[PDB]
Structures are given as C-alpha cells and as structure tokens.
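I would like the entire structure built from these sequences, with the hints used as guidance.
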Amino acid sequence: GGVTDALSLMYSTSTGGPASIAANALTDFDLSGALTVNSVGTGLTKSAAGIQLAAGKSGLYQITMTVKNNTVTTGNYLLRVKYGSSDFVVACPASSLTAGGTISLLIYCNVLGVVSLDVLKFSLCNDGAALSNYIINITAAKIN
Amino acid sequence: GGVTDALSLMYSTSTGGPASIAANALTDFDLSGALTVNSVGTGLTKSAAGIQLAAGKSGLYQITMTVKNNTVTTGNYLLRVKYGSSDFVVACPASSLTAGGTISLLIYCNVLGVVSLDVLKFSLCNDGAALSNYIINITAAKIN
Amino acid sequence: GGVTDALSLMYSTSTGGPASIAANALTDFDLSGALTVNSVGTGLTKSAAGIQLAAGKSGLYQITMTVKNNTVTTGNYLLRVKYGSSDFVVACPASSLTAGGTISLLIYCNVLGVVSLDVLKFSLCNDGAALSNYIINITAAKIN
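In the order they appear, the protein sequences are chains B, C and A.
Residue numbers for the first sequence follow the deposited numbering, beginning at 197 and rising by one.
Residue numbers for the second sequence follow the deposited numbering, beginning at 197 and rising by one.
Residue numbers for the third sequence follow the deposited numbering, beginning at 197 and rising by one.
There could be a bad hint or two in this list.
You can't tell identical chains apart in this list, so a pair holds if it fits in one copy or across any two.
Straight line, CA to CA, 25 angstroms or less: simulated SDA-like cross-link-like pairs of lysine to any residue [as the list claims (entries may be wrong)]:
hint: 1; residue 1: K253; residue 2: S210
hint: 2; residue 1: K253; residue 2: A219
hint: 3; residue 1: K253; residue 2: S328
hint: 4; residue 1: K253; residue 2: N220
hint: 5; residue 1: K253; residue 2: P289
hint: 6; residue 1: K278; residue 2: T267
hint: 7; residue 1: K278; residue 2: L293
hint: 8; residue 1: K253; residue 2: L222
hint: 9; residue 1: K278; residue 2: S292
hint: 10; residue 1: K253; residue 2: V236
hint: 11; residue 1: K317; residue 2: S292
hint: 12; residue 1: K317; residue 2: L293
hint: 13; residue 1: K253; residue 2: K278
hint: 14; residue 1: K253; residue 2: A221
hint: 15; residue 1: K253; residue 2: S312
hint: 16; residue 1: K317; residue 2: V233
hint: 17; residue 1: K253; residue 2: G324
hint: 18; residue 1: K253; residue 2: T270
hint: 19; residue 1: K317; residue 2: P289
hint: 20; residue 1: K317; residue 2: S216
hint: 21; residue 1: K278; residue 2: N234
hint: 22; residue 1: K317; residue 2: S208
hint: 23; residue 1: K253; residue 2: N329
Don't read these hints as lab results, they were simulated from the structure.
Written as structure tokens, this is what we have:
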C-alpha cells in the first residue's frame, strides 16, 4: 500500500545549496530552497534545518543521500546524517568513475514534538576539495 | 501489506554475467540471464539493459547491489546504479575480510513510458583487477 | 500500512557488546544483551547468534548497521552482514569527521525453519585499532 510519508529532494547550487561546499568540513544543509522531486503526505517537510518530522510521526525511516560532483575525482566524499543525539557516517573514495558517494539508512526516529529537535540533518563534502558542481539527492520515507 | 513490485536477482559467470568483468571500467550489465531469486508483481523485469520499469510505475524504489569476489582483495570495488539522467556511485575498499562492496539506494523513479529509458542500470568492477569469481545480488522493490 | 516485522537495536559495551572489539577481524556479535530500541511483530528477535527470523517469515528484508567510535579516526571500518550462505560487506575509510561506517541492504531471506541457520549475523571492526568506545545500531525490517 506504499508509505504514509516521504520526501525526495534535489539539491544543487541552483536549488538552495551553498555556492561552494567547503572542503574537509561538515556543515548541515539548509534544505528550504531544495527542489521537491516527490512528496507524500505531510509528515516530512524541508526546512532550513533539514527535513522536519511532524508531531506523532515516530517510527522507522528509510533515508538516502547521494552526491555527484564530476569535477572532483580525488580524496574521499564524506557523508553524514543526524537525528537527535545519533549521527551516521560513511566515507566514499573518489575516482573518475565514482565522483561522489552514497549513504543509506534505516533508522528509528523518536519524535519529541520539538521541531528544532525532530529533524533529519544532512551534510557531505570532499576531504580534499570544495564542491561547486554537485547534484545531491536526499530522500526520506517513513516505512512504519 | 508488503510491496506491489519487486525483483531480486543473482548474477554470476554461470548466471548471465560476463566471463570476466574488466578492471577499472563500468559497463552496464546485461541482466537477461540472471537468476530470478524472488519476484513480486510484474512492474520490474530483468532485461539486457538492466531492470525494466513497466508503464505507470512511477514512484519510490529501494535498490541494493552487492558483490563478493573473494579472490580479489585489493583496490576498491566501484559500484554504480543509473536511472534516466541520474547516476549513483560508491567505492568500497577491498580487503581479505571485505572482498567486495555494497550500494543501497532509495530513489524516486519517473516512468516516461519509453522502455529504453525507463530502466535501472547496474555496473560494478574493481579498480585494479578483473572479476571472474563473483556472486552479485541485485534487488529492487517499489515501496510507493 | 507499515511493516509486519522489525527490530531496531542499540549495541555498546554497556548493552551486550564485547568490552573490546578486536582489530582487523570479524567475529559475529552476540546480540542477546543489546538494547531493543523498537520492536514490531514477533518475526525478528535478538539472540546470541544475531537476529533470528521466525518460521514462515521468508521475504524481503531491509537491514542497516552503523557504528561510531569517535576515538578511532584512522584505518577503515569493516562491516559485514550474513544470512545463510550469503554475506555482504563494505569498507568505510575513517576520519575525524567520519569516525565509523555504514552498511545498508535490501536482501531476500529464505527461512528454512532451522533457527541456527535462519539468522542475520552482524560484525564490524576497524582494520587498524580495537573499538571500546562504540555506539552501534542494527535495524532490520521485513518489507514483504
């Protein structure tokens, strides 16, 4: 029967992202100006903090964030997703064939009802170069 | 209630894969001869191009591709999944304990109704050696 | 409508994990003493072997295991998930910004009805240092 809530975004320098994502650092992304590719329900909404979870929406969430920045083919792409006190990370070695990275997660999210706390945060970068030619996709879906 | 469509494949030199996957290159996999491990519905079907999405099947898709080739324990395993104009990648450092790699994604797929365009494409390799001893699994499920 | 079965665990030295996870080796985790963060249904239960699948529960499973051990920022974090004869792996380069790793999978699980065979096994480590300051999360959900 599908899922009750979901949000899929496209993030780039033209769609709400920083003109240049600094090298070797992780600053959470303001997602208010991201392009909404698909939306289901009203429990997940973009904001300057990341992706907000509406009250009463505790449960299991499937999350994916990917990045391609074909001009940066060296170093490692660092990706991070946070929720409350938990944070999840991964490092993806860059190459000409894999100019970017991916992080996917199935996590349990407890919603306290404090908008500034109930938010999925996202960030990524390359540890050796700035990114100003990226296509980033962020999708989250409540599967239970 | 489960999902409406899903396909899980097992790909090897004995089940439709190349006798030898060339090193440091990414050629999309012909999946017509892959072993169907599990199948749900009729929206996702294997083909020479990858995994076809039937008309009217736009939505959210959960995808995973993994590989084990225990004889190749050096370099990085490069994995890639494509759909339309988007492509997702990841690099996984090889070791004797981790002789392979993994890429998982939750992406939104828009189905235009052009079989040759509406297809999930898959490819992987090792950046320093050819693979001729691999077990590859590819699973895709429409979750919304 | 959500999922029929799911289990989300929090594993640490205080919640059932080894006082010290040996370097460069993969020993499956005894999950009997892990903290149950969320539980759905009765098909997935923790045990000394990993996460048990109840009889009649064959199907598609979404799995994620993550680790953070902020004091170990070098080498690669090696993660592995096994089920029956299949095993899936990934390596995640460590850094101060990414002190850990992630592995996510959508796999098909055939349940034979042999408790000691129908179990998801988990293990991870750092290839250059022991881990005694970790927060590990393991979540599995039957999506079909």
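A quick look at each hint next to the structure:
Taking identical chains as interchangeable, the C-alpha atoms of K253 and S210 are never at most 25 angstroms apart, the minima being 31 angstroms within one chain and 29 angstroms between chains. For a Cα distance limit of 25 angstroms, the shortest separation of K253 from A219 qualifies neither inside one copy, at 35 angstroms, nor across copies, at 39 angstroms. Taking CA atoms no more than 25 angstroms apart as the test, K253 paired with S328 passes in neither setting, with 35 angstroms inside one copy and 34 angstroms between copies. Within a single copy, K253 and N220 get their C-alpha atoms no closer than 34 angstroms, and across copies no closer than 40 angstroms, so neither meets the 25 angstroms cut-off.
For the identical chains of this complex, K253 and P289 are neighbours neither inside a copy (35 angstroms) nor across copies (34 angstroms), given an alpha-carbon limit of 25 angstroms. For a Cα distance limit of 25 angstroms, the shortest separation of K278 from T267 across copies, 19 angstroms, qualifies, whereas the shortest one inside one copy, 27 angstroms, does not. For a Cα distance limit of 25 angstroms, the shortest separation of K278 from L293 across copies, 13 angstroms, qualifies, whereas the shortest one inside one copy, 28 angstroms, does not. Within a single copy, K253 and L222 get their C-alpha atoms no closer than 27 angstroms, and across copies no closer than 36 angstroms, so neither meets the 25 angstroms cut-off.
For the homomeric pair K278 and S292, the shortest alpha-carbon distance between copies (16 angstroms) is at most 25 angstroms, but the shortest distance inside one copy (29 angstroms) is not. In this homomeric assembly, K253 and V236 come within 25 angstroms of each other (Cα to Cα) both inside a single copy, at 14 angstroms, and across copies, at 16 angstroms. In this assembly of identical chains, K317 and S292 lie within 25 angstroms of each other by CA distance solely across copies; the values are 18 angstroms between and 28 angstroms within a copy. Taking identical chains as interchangeable, the C-alpha atoms of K317 and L293 lie at most 25 angstroms apart only when they sit on different chains, with a minimum of 15 angstroms there against 28 angstroms within one chain.
With identical chains, the CA atoms of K253 and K278 are at most 25 angstroms apart within one copy only, with a shortest distance of 17 angstroms there and 31 angstroms across copies. In this assembly of identical chains, the alpha carbons of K253 and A221 never lie at most 25 angstroms apart, being 31 angstroms within a copy and 39 angstroms across copies at closest. In the homo-oligomer, the alpha carbons of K253 and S312 lie at most 25 angstroms apart inside one protomer (15 angstroms), although the nearest pairing across protomers, at 36 angstroms, exceeds that limit. In the homo-oligomer, the alpha carbons of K317 and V233 lie at most 25 angstroms apart both inside one protomer (18 angstroms) and across protomers (20 angstroms), since each shortest distance falls under that limit.
Taking identical chains as interchangeable, the C-alpha atoms of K253 and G324 are never at most 25 angstroms apart, the minima being 38 angstroms within one chain and 40 angstroms between chains. Within a single copy, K253 and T270 get their C-alpha atoms no closer than 40 angstroms, and across copies no closer than 37 angstroms, so neither meets the 25 angstroms cut-off. In this assembly of identical chains, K317 and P289 lie within 25 angstroms of each other by CA distance both inside one copy and across copies; the values are 22 angstroms within and 21 angstroms between. Taking the closest pair of Cα atoms, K317 and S216 come within 25 angstroms of each other only inside a single copy of the chain (18 angstroms); across copies the shortest separation is 30 angstroms, beyond that limit.
For a Cα distance limit of 25 angstroms, the shortest separation of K278 from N234 qualifies both inside one copy, at 22 angstroms, and across copies, at 18 angstroms. In the homo-oligomer, the alpha carbons of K317 and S208 lie at most 25 angstroms apart both inside one protomer (16 angstroms) and across protomers (24 angstroms), since each shortest distance falls under that limit. Taking CA atoms no more than 25 angstroms apart as the test, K253 paired with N329 passes in neither setting, with 35 angstroms inside one copy and 31 angstroms between copies.
The structure shown violates the earlier hints numbered 1, 2, 3, 4, 5, 8, 14, 17, 18, 23.
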